[PDB]
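It is the complex with one fewer protein chain than it really has, and the rest are unchanged in position.
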Amino acid sequence: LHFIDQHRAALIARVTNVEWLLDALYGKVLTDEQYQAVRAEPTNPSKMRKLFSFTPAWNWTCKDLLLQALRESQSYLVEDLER
Amino acid sequence: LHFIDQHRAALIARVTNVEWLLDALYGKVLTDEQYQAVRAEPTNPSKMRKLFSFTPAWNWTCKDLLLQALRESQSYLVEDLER
Amino acid sequence: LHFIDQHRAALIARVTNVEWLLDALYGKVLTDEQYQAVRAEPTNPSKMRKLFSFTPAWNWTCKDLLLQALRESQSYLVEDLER
Amino acid sequence: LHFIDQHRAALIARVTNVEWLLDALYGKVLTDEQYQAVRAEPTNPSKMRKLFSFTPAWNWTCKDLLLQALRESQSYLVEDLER
Amino acid sequence: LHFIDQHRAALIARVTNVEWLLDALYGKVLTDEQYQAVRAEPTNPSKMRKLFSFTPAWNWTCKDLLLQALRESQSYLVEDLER
Amino acid sequence: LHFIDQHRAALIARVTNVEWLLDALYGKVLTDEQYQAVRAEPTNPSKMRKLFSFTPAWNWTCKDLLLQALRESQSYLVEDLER
Amino acid sequence: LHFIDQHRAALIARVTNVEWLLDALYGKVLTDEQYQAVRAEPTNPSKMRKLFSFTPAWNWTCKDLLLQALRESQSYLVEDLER
Amino acid sequence: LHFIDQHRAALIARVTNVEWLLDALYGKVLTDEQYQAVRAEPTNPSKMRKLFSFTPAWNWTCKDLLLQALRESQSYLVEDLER
Amino acid sequence: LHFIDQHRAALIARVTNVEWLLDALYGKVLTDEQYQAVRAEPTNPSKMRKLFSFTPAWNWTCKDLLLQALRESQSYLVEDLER
Amino acid sequence: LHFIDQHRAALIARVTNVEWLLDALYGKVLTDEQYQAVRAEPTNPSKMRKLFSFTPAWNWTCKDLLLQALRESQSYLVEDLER
Amino acid sequence: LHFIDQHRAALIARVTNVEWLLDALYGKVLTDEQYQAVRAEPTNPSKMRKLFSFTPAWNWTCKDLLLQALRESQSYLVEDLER
Partner (left out) sequence: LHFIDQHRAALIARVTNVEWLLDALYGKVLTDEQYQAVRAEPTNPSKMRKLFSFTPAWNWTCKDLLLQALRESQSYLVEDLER
């Protein structure tokens, strides 16, 4: 949801497990070509920026799915960002 | 159809997967030169604007093909735009 | 042959072993510069699109060579595409 | 079959014996270069992701072979995923 | 503020972390299209010049935000430029 | 409204996001030919002058629409000009 | 020779490796400024049209040199054109 | 806590009991995939660098857990770093 | 000084670092609009001709500044022209 | 200091333990994103070139820190370069 | 010297170690911006063409330096070209 737009820079600079999120979002929110495009970036911030480049086309449901995956993978990061 | 005409600005500013649409429209609606010209644009909004630059010569069938390609690629974007 | 033009989008989106095709087509259909240009692409669809960008100059024989390389590499993909 | 596409994330995150599956799929579905490429990944999830990167070129028969190999190797994993 | 105007050439030729500044300015001073336009430049000086091309529309507050982001990112560069 | 006529020179010399304004005014205030004519103009001040060349045929409503688009795109410029 | 004048449209629409031809013609037929002007075009047909714009000043020898470069680069394209 | 950030280089170059720390942090701070990724490094400094690569996503509690595990495992190293 | 008027054609045909000179001359002798106009040219000779298009309004001091910038950027060209 | 600018090529071609220097410069001279970007390069010369890619933003103090790290790591290399 | 001018096409198409030449020419013949611009090209021929684009400003000394660097790096290539 609006959480990923409000904390865009922090999520880009602090998310460390991107492959799990990519697997969670594969097929339903991300196409296979976008999946490879994100996986081709050298560093984690580069992968996060490539993933965020696809967000303008997303609706509320896709952002909700991403935030749910974030809670499942990094609960502590989401808790820190909310606090 | 008229959908891509009434939502021109939103489609320009929110479509993120342009290469798939170009491949879908290649040969049937876009010539090779137009395909290369669209592919040569720097950013996604520039690519999508270059794509609409060819729309005045399209009939209802070409617009329907583009709408079908958008539905297959980004169902959520089309659902959000309709809503 | 006409097969690679009829199934251009599917070949772009589904070919997974591009290096073998590049080695097969090197020297006789592809120059060294075009070879390096194709290998420079990040993802498999990007490599396939770069390879297809050289197809306008190809005659029937070059397309036949590409189809033969595809049959040797991915027999199952060609069989699925034909049916 | 469609089983490996329905449970892609779970199969990536839970398959522990990848070398046996690579032996089962060698030659028939996997080329030697793809064999080496998958075998060179550091971790089991990395190996599974690299193997799944070749799935877009597969037809139903190759996926059936992979599912049969999974049933022979990890019957319990397949039963758990089905349940 | 006037700091980036009196040190335009030095900032163009010496700023090395442009993505961090872009992330800091995203959503408040730079639009998404401008973000992609700056991000698409080949070299760091090109990115800096593209970013500076948008400065005529900026007020004092936007320039202050850019200066504060620079101070967060490169304290040493700002200290050297002031000295 | 009269705002764009009071600050014509400043708007010409300081507006940096012209494509967004063109998309906002497309169809409603700007014809397709006028859109291409503005878009083919090389530099941003020159594009703004080309766009302003169509203002003599505008009523209060079109000027208000342009002002609203400017407020949505670059607010800081708007309060800078008002102040 | 007369070959490039007879097949001007096909050469414009089908030549894919313009950089090699430019390097072959550099210094002897093309000046540095013309070389840079041709290299600055977006797409291959645009590059070919820009190069052909210099042909009115060429004699038979320059056209023969261009034909020899084409034969060395893409023999199959020449054979297709003659056939 | 801030201890592991203050002594990052010393901890990377001096920690010799990494598998025990991985066991301590498994499940609650480290995912299974991250555990495998850390265990795949050849040398102890490489393992420590891979482990520290995940610290940007950690909050204060995770760093406290890591410090407590370090105190349990190698108290002499911690007291030496304090002095 | 008179150096750039004596070697106008050679400077047009041989200067390859135009952006550095533009940055050096920005604000002091070049306005923003002229800066964008010069950067909008396709090739280096075209950019340098656009730069000389503004020289009739320059006095000795501006030409001296341009010569000093040229000496700082590309000295070897300066001694080559003087010799 | 000026030492790393005087011996840039030799330092690029002869430094063998880039990781130790990166750990020494982490945080105070290098950000985390730049740290990952440097560690993502294939070979030691590539890593060291990526490291010098950030040097234009450095002041004298950062270069002094790098020289001190080099002295601590490879005293023989520094002694040979000075001699 | 004139060697790189009479063998321009062969040097563009056959030079394989470009980074070493860039390091050799950095700081005395090439500026930092030109260095980054050359390093940003995808393939070796593209890098060589970008490097040659700066040659019009070079005098005999810079070309001699480039030839000396080529002899130090690839003696066999220079020997083959001379023969």
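Which chain is which? They are A, B, C, D, E, F, G, H, I, J and K, in the order written, and residues in each are numbered from 1.
Keep in mind that, in the parts below, a residue touches a chain if its C-beta (ideal position, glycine included) is under 8 Å from a C-beta of that chain, and two chains touch if they have at least 3 such contacts.
Remark: the omitted chain is touched by one listed residue; of K:19, K:41 or K:64 this is K:19.
Residue-wise, the contact with the chain that is not shown comes from C:24, picked out of C:11, C:12 or C:24. Not every partner is drawn; the one left out touches subunit D at residues 32-33, 36-37, 40.
Annotation for subunit J: contacts to the undisplayed chain at residues 13, 42-45. Residue-level contact of subunit C with the missing chain is found at 19-20, 23-24, 26-27, 32, 36.
Everything below uses one rule, namely that only the chains that are shown with their structure count from here on.
Between E-F and C-K, more contacting C-beta pairs join the chains of E-F.
Averaging Cα coordinates per chain places subunit B and subunit F 26 Å apart.
Once the centre of each chain is set as its mean CA position, subunit G and subunit H turn out to be 62 Å apart. Subunit E and subunit K, compared by their mean Cα positions, are separated by 33 Å. Within subunit K, contacts with two or more other chains are made by residues 13, 32-33, 36, 45, 53, 56.
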